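Just one chain follows, in the form deposited without this ligand, and it is written as structure tokens.
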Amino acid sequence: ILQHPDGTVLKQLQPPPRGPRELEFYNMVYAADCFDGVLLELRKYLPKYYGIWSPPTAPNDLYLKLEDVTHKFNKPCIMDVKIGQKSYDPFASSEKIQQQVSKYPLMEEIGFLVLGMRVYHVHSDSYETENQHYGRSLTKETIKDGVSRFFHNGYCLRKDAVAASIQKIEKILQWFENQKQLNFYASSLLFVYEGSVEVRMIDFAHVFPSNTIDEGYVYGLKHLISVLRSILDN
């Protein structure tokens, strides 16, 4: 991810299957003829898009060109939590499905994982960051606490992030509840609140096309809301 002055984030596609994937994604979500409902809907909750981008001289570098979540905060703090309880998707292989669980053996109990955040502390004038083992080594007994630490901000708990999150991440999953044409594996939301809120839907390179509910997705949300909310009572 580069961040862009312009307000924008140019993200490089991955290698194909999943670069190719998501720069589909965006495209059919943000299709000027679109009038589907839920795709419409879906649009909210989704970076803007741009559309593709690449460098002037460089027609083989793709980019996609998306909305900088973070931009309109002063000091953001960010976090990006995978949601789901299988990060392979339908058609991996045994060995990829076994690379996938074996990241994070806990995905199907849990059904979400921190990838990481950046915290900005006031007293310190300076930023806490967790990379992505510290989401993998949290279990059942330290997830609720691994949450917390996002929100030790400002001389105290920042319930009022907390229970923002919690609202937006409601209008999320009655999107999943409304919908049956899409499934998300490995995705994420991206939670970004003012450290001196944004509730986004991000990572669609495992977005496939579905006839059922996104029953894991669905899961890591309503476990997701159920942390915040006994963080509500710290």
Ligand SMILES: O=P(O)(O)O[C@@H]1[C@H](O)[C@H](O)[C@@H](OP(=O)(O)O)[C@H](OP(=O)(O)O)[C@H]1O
Contents of the next structure:
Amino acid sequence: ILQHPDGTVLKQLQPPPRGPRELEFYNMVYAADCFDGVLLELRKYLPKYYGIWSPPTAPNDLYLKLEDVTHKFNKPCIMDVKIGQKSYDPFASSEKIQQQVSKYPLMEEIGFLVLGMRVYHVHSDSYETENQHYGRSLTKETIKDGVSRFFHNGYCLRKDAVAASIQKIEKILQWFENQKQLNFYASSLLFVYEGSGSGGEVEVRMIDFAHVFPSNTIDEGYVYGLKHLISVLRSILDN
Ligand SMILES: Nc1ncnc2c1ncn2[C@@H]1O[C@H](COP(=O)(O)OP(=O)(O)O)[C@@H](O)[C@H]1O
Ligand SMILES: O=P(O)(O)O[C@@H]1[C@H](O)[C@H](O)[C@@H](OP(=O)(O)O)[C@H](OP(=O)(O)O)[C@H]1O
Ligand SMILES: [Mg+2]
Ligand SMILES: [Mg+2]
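Show the form deposited with this ligand bound, please, because up to now only the form deposited without this ligand has appeared in this conversation.
What follows is the whole complex; the chain from before opens it.
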């Protein structure tokens, strides 16, 4: 992921089949001649898409040019949460299924996995980061405090950002409850709030679409993960 001063990011296409699939997902959603109401609504929850991009001198090197969801923030606090009960897709091999379940064998039970966070601490004007091993170490007993950490700025819990997050996730859940044409595996929600007195800006966007597939069913694992995440955030409001 390359961050560009124009308010965009360039995401390098992953090797096939993942990179090509993510490209085609964005092309499908953002097709200029799209009149599918489901897809037009989905656009609101994705980074804006500016098409495929390559360097002028390197047509081989393929990127997606996307809105930088963090651009409007002064001190963005960022968390990436993988959503669903399964982080492997319908065409995964036995080995891949085993790999993915072994990365986090609680995915079926919890329905989400924190991939990382970067949190602004007001007292020290500095960021604290957690890597992939943080979320993979969370259990049912520790998931609430694990998530809470994202919203704690060193002196208080940002319940404003928690409540805003619930409200934005709820609109995404509504979209999911009103479509049966796409299932999303190994995709994430990106949470951003303002760390730096009306810093009430919050973003929750869907990202990472290397494993989205056509379907004829509600995405039940995704819905389960969103509901559980909402449940956890709601309990944090009682702290
Ligand atoms: N559109 C975006 N705006 C801001 N940050 C982004 C955006 N897309 C990705 N990122 C950041 O880059 C990280 C990795 O991007 P992602 O699409 O998940 O790639 P990967 O397929 O390598 O997991 C995310 O966790 C997020 O912090
Ligand atoms: O973050 P880590 O610990 O390196 O582990 C990776 C992580 O689970 C990725 O989400 C996954 O890609 P997919 O979500 O696309 O499966 C990747 O699979 P890969 O090794 O097959 O790329 C894993 O190696
Ligand atoms: Mg990702
Ligand atoms: Mg990915």
